[PDB]
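Undergrad: So you can see what is in the structure, the chains are spelled out below.
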Amino acid sequence: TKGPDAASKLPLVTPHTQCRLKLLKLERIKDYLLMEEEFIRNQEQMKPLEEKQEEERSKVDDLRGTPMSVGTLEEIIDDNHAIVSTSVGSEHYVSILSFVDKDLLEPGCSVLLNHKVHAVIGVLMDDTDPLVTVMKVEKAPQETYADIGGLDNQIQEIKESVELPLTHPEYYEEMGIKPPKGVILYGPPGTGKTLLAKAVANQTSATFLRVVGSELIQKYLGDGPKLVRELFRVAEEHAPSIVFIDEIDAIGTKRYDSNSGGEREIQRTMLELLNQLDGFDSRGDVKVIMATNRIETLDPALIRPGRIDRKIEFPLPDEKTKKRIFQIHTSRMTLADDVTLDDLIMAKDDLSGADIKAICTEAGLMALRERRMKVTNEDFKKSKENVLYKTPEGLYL
Amino acid sequence: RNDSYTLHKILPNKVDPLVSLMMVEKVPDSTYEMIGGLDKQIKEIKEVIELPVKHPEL
Amino acid sequence: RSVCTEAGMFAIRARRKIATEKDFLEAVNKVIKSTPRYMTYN
Amino acid sequence: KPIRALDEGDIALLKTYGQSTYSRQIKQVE
Amino acid sequence: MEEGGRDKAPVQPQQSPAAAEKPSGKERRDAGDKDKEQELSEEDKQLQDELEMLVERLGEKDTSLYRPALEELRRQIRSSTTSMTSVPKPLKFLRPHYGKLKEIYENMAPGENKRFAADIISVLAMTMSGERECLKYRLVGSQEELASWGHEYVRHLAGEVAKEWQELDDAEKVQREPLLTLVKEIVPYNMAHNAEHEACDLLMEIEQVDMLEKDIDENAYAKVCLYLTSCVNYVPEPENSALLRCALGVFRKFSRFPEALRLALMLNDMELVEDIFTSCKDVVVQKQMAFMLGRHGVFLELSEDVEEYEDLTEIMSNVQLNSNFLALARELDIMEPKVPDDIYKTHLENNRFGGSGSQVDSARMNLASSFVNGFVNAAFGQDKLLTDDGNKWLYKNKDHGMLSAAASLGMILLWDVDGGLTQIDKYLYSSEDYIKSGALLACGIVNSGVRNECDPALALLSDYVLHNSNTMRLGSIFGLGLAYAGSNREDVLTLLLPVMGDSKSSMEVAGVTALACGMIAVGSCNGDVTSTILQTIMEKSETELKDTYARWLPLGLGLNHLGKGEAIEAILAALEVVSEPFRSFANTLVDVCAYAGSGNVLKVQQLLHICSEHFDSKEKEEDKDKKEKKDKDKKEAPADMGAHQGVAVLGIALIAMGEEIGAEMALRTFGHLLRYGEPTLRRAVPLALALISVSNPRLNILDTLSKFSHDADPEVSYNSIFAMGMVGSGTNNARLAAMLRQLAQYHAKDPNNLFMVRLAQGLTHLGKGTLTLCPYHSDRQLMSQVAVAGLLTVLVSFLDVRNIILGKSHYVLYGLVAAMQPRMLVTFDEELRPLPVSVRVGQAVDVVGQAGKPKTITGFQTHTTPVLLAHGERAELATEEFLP
Amino acid sequence: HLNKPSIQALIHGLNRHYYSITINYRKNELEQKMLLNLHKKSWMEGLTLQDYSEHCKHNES
Ligand SMILES: Nc1ncnc2c1ncn2[C@@H]1O[C@H](COP(=O)(O)OP(=O)(O)OP(=O)(O)O)[C@@H](O)[C@H]1O
Ligand SMILES: [Mg+2]
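Protein chains in written order, with the authors' numbering: chain G, 40 to 429, 434 to 440; chain Y, 117 to 174; chain R, 386 to 419, 426 to 433; chain W, 20 to 49; chain F, 1 to 20, 26 to 889; chain E, 183 to 243.
What the hints contain is simulated information worked out from the structure, not anything from laboratory work.
Ideal Cβ placement from N, Cα and C applies to all residues, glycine included.
You may find that some hints are simply not true.
[Unchecked claim] Straight-line C-alpha distance at most 25 Å; calculated DMTMM-like pairs for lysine to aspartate or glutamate:
| no. | chain 1 | residue 1 | chain 2 | residue 2 |
| --- | --- | --- | --- | --- |
| 1 | R | 415 | G | 202 |
| 2 | G | 359 | F | 65 |
| 3 | F | 858 | G | 76 |
| 4 | G | 396 | Y | 141 |
| 5 | W | 34 | F | 65 |
| 6 | R | 407 | G | 191 |
| 7 | R | 402 | G | 424 |
| 8 | R | 418 | G | 166 |
| 9 | G | 413 | W | 29 |
| 10 | Y | 125 | G | 424 |
| 11 | W | 46 | G | 191 |
| 12 | G | 423 | Y | 149 |
| 13 | G | 198 | G | 288 |
| 14 | F | 50 | G | 424 |
[Unchecked claim] To give an idea of the chain G side of the interface with chain Y (calculated C-beta under 7 Å), a few residues:
| no. | residue |
| --- | --- |
| 15 | 109 |
| 16 | 143 |
| 17 | 147 |
[Said to hold, decoys possible] Stretches of chain G that chain R covers, calculated by requiring three or more beta carbons in the stretch to come under 8 Å of a beta carbon on chain R:
| no. | region |
| --- | --- |
| 18 | 116-123 |
| 19 | 200-211 |
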């Protein structure tokens with residue numbers, strides 16, 4: 040098979056005070072990018088290589104004709120005829136021409152067919168419809184485990200699930216435990232589930248596929264399951280890979296007897312997702328990560344030990360994790376010496392990582408209100424109740 | 117083309133009309149001078165709507 | 386089976402090639418149960 | 020207390036003065 | 001609109017310059038305005054400055070037209086006008102703001118020139134003035150380096166600004182003064198370096214580690230040529246001296262990068278002090294397994310600095326580190342079983358069934374098994390499997406099979422002074438040519454950087470250095486060259502140069518002589534240079550063209566002049582230009598081989614400009630190969646920041662679309678560029694997909710080898726998986742591809758080993774280690790080196806290798822089992838805090854254990870705290886008042 | 183070659199298996215004059231006035 044993807048540039052992020060160590064490293068990166076540009080522009084400047092076979096390729100192209108429609112090879116027959124489905128959904132019993140790679144023909148791979156008198160004239164290993172191409176991550180997110188505060192147990196678990204099998208896995212089969220096929224992160228909103236997925240996609244060595252869950256559902260009949268199948272086929276093809284499906288409850292709700300056609304199609308799409316999850320062996324190097332807020336509303340078959348063994352909990356940050364997050368998000372701020380930040384943490388509340396980030400942003404805004412950028416402690420004091428909107436007083440004492 | 121299916125022109129990016137209508141092409145006639153009170157609210161909006169857009173440098 | 390898998394997971398966590406009874410205890414604490428039962432029942 | 024919206028001179032001075040000497044170079048390089 | 005309530009500022013600071026004539030009013034308004042500007046910009050944290058924004062517009066006409074002021078007093082009112090005009094500098098004036106500095110703040114100094122400036126925190130004349138005197142002063146140095154006094158009084162002003170930057174705020178602004186020092190004094194940077202040295206060394210001591218890290222990371226990426234890289238190398242030397250703690254082994258590091266200047270800097274960095282040698286200075290010697298000549302130049306000649314002058318030398322040479330390696334294998338950490346090739350070659354259960362025999366004792370696979378077994382048990386005395394009984398096993402190959410099997414047998418007892426000699430005494434009288442050469446190579450192989458006082462290799466091989474047999478000469482010279490890898494003693498030169506200048510031998514012998522001799526020395530050794538050039542002249546064109554060994558001649562010269570800058574390469578290029586067009590290849594080798602860590606644009610710019618793209622249509626073989634291979638030379642580890650986008654460079658630009666014969670195999674660069682085992686970064690995509698792509702044969706063979714890079718201790722899981730997935734199931738039919746697959750993907754079991762040039766600290770490479778370049782050119786050639794068994798000694802020449810272990814002692818032995826913290830590296834040091842290199846514990850191993858480069862450790866419970874702070878696998882746990 | 187072939191015909195095999203032949207219509211004077219009677223109004227409508235009320239209404243509009 041082919042190899043993974045998601046190329047990223049240098050981490051940099053060693054200096055941040057803009058002390059020309061940043062400038063020197065960035066100038067080195069820019070110099071290398073310049074040599075990229077110049078080298079390829081020179082290579083295209085002189086590169087005469089074409090024709091050669093020509094005639095045989097010309098006549099095979101004439102045989103193929105123009106245009107050529109792509110379909111899905113649903114089934115094969117004796118090695119001259121096959122069953123191919125056009126993107127509309129109609130499949131036909133067609134013939135297979137000699138110049139096709141009989142080894143490449145398998146149920147599922149896209150086949151180039153003749154526009155008139157349909158007949159398999161080619162195989163496309165890179166169909167990758169625009170949607171599933173979009174779901175594949177190209178530029179790694181700039182966030183990383185340095186940006187994540189706390190969640191040390193969560194980071195440990197996610198790395199033990201998706202990284203350790205990717206890196207040296209000998210511990211797994213040495214203990215004989217099958218690697219955890221699939222992991223579901225869950226917790227209250229803005230705890231860091233999507234942030235952890237970003238950090239995983241940063242420090243990665245596999246094709247990362249970001250999905251929205253609600254993205255899978257498609258209007259046309261059978262488009263949903265077909266897209267799910269395409270996504271997982273791309274995952275296997277570019278294995279090792281990580282398939283992140285954020286907001287799994289967009290489809291993961293409890294399965295109930297469908298009545299309307301649309302609900303039947305949703306049930307079909309989830310059934311196909313579950314079937315694809317079961318399809319690949321856990322020994323395979325393709326893992327899935329599903330994040331959600333309403334874990335209690337998920338179907339209790341998606342989270343079966345035979346399908347998703349692990350269940351990572353993302354609890355609201357503790358006081359030490361709260362101060363860790365505050366330190367992280369205040370790194371780029373020019374805080375004064377009067378600020379302590381301890382009063383905000385000590386206040387018994389339900390701050391989250393998102394809440395703390397917003398508190399820092401609003402403190403910066405309040406400082407900008409006073410025409411300053413040093414950000415006093417009073418700025419944080421105001422910002423805390425500015426962003427934290429909304434037990435009867437002395438009932439409990 | 118007709119049925120030869122030959123790429124013969126590149127068109128602007130695909131936006132289906134259901135969202136293409138959601139542009140405010142005809143700007144409405146409502147000024148802050150027509151808004152009583154809400155001065156604090158207007159400032160709080162402006163600190164998020166156009167201050168980040170006009171000058172993200174701060 | 387998942388409990389045994391998590392016991393192996395915890396053994397790997399400490400990088401110990403042999404899983405211990407402590408590892409199985411943490412595994413069952415995690416998987417099973419998804426003060427109250429000790430401050431009233433004794 | 021009615022807070023004052025930043026004026027043009029305010030914005031212009033904010034982007035300077037309390038800036039790192041290498042702001043332009045680093046941002047341009049990125 | 002305006003504030004209204006504070007509408008006095010747009011009036012009084014507006015009319016005061018507007019009304020400006027009468028001198029008393031001038032002085033009064035100027036003094037009052039100075040007081041207001043100070044009261045505003047001094048303490049008020051408000052970045053906004055009310056007067057600064059309200060002095061603009063009118064200032065550009067009033068404070069500019071009133072700038073003359075006709076000087077009614079001698080200087081006082083003019084000084085007041087300048088102090089005023091130095092307030093609204095940033096925005097009110099144009100980009101010639103440094104011009105405002107010149108004719109406002111430079112031309113005159115208001116007593117204490119920073120009376121209204123030094124009080125300001127960072128903005129008014131510290132960051133802004135710093136910018137002015139790193140832009141104007143830099144340009145004036147570029148054009149008029151020796152200008153008027155406007156070049157020296159600005160120097161004292163900038164020095165005062167720099168020191169104040171540490172003692173006006175005492176904040177993290179300490180990461181600016183050296184930086185300014187770098188940009189300021191573009192030509193005379195050394196004066197700024199001495200200024201900051203005399204400031205910091207007497208100022209405060211913990212604010213010195215920040216200075217060292219700043220200088221280190223600026224060293225990693227300095228300006229393009231080594232005119233200031235050397236200067237910033239020299240800058241922190243006082244900061245390492247008694248001006249900081251005395252132990253500070255960093256001297257070696259800080260002397261290793263400057264062309265490994267031993268006899269110029271080592272004479273005084275650690276040789277002058279010699280007062281705390283009983284402390285970690287002994288392990289400073291121990292962590293110096295690079296420049297044994299340095300220990301010769303101090304210990305042996307004097308023998309009176311300390312009692313442990315020569316016993317320490319012997320124990321830290323190899324004997325005690327070898328004993329530590331053995332005990333680490335046996336006594337406490339028990340992964341020392343008998344591991345032969347067959348025990349895991351058939352690790353795949355598919356290979357059990359369907360074989361239908363398939364057991365052939367042919368030369369290729371027997372050779373591969375011998376190589377694998379030799380590598381796996383490297384420096385292991387326990388391989389009593391293919392050593393004593395299997396003498397017929399030594400026999401069951403072709404002629405070169407004898408040579409390579411005996412070479413691997415020697416490799417088993419790596420740097421074994423006693424055991425290696427007592428096991429090679431049996432094979433010394435082999436009664437066969439090729440086995441005799443293998444025994445010579447084995448004698449030279451137990452001497453890998455050994456620097457034995459008895460010197461067995463020289464006497465034991467001088468019989469066969471020039472004896473009338475090509476294979477005897479090859480084996481002897483290879484063994485001795487591997488023996489004298491570090492030192493360049495005159496005896497081996499006087500012995501080998503006549504061999505090198507001899508005409509009885511074929512150029513296979515001449516090239517291996519060039520490799521050995523140029524690998525002996527890493528300095529100048531002009532005699533070797535002269536021999537190389539005369540040989541390149543005295544040989545006839547077809548010989549230096551198409552003999553398949555001409556590549557080795559320039560390699561020796563390059564390895565001699567590796568590390569040193571273009572100062573010698575200029576004359577080398579001048580002299581080499583008079584040769585046959587093959588010299589172009591030699592050019593593109595020797596120049597580019599002269600730099601180990603020289604991350605710069607113009608050198609690789611030429612590599613990618615005149616040698617890459619001006620050759621795409623060119624059919625000149627092996628010219629682009631060295632170019633793109635050594636693209637990663639001078640780039641192997643500039644803190645590895647330069648490596649990633651270089652990987653992007655070759656994978657995207659070179660491998661994907663490069664020449665099918667000169668660039669399609671841009672892959673042993675990955676062998677040299679980075680090697681730990683990294684999917685989709687160094688091996689998985691870039692090597693695996695090329696390996697499955699067997700469309701090009703030499704590409705397949707070479708990138709199947711290329712995992713030898715990550716191979717040192719790859720934790721073969723997910724790497725052996727490749728072997729099992731491609732042994733039998735992959736390139737099984739191809740004899741040569743299968744052989745090199747076996748070699749590479751099965752000499753992974755070699756435990757506690759590391760071949761990379763980068764040292765344990767990581768900021769300094771190892772010129773002795775970098776001598777594993779001959780099995781890159783030779784491995785790329787593949788004709789008579791690897792694919793053709795013309796000469797397989799290069800595949801043994803990997804005695805540029807260090808134990809990847811971590812071990813600790815306290816003046817006695819390894820008995821210390823202090824809890825350690827080996828884990829992935831993170832952000833540390835130069836940031837707001839030197840956070841621990843390990844973000845967490847990971848593995849909590851207390852015993853001495855493996856420590857790969859992407860692993861670092863931190864001491865525990867503040868107990869027996871090491872002072873080395875480099876942890877070069879030889880930590881010393883010198884105790885103190887622990888738990889105060 | 184005064185007329186260009188159509189894409190629709192070309193994909194269905196034009197200039198590969200069959201060629202288009204130019205078509206000209208043989209219309210003599212007699213046939214054209216006979217066909218002219220299809221809309222030849224009359225000798226009467228040249229003399230019939232518009233409905234005068236309708237004419238006035240059209241003028242007004
Ligand atoms: N532990 C943390 N440390 C630092 N920042 C955090 C942390 N947890 C959350 N954040 C911040 O919260 C922001 C939003 O978090 P994220 O997108 O991961 O939310 P989530 O918990 O997955 O919630 P939801 O799925 O309900 O949107 C992140 O951009 C990050 O800045
Ligand atoms: Mg989220």
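Undergrad: Taking the earlier hints as the rules, which of them does this structure contradict?
TA: The structure breaks hints 2, 3, 4, 7, 8, 10, 11, 12, 15, 16, 17, 18; every other hint is satisfied.
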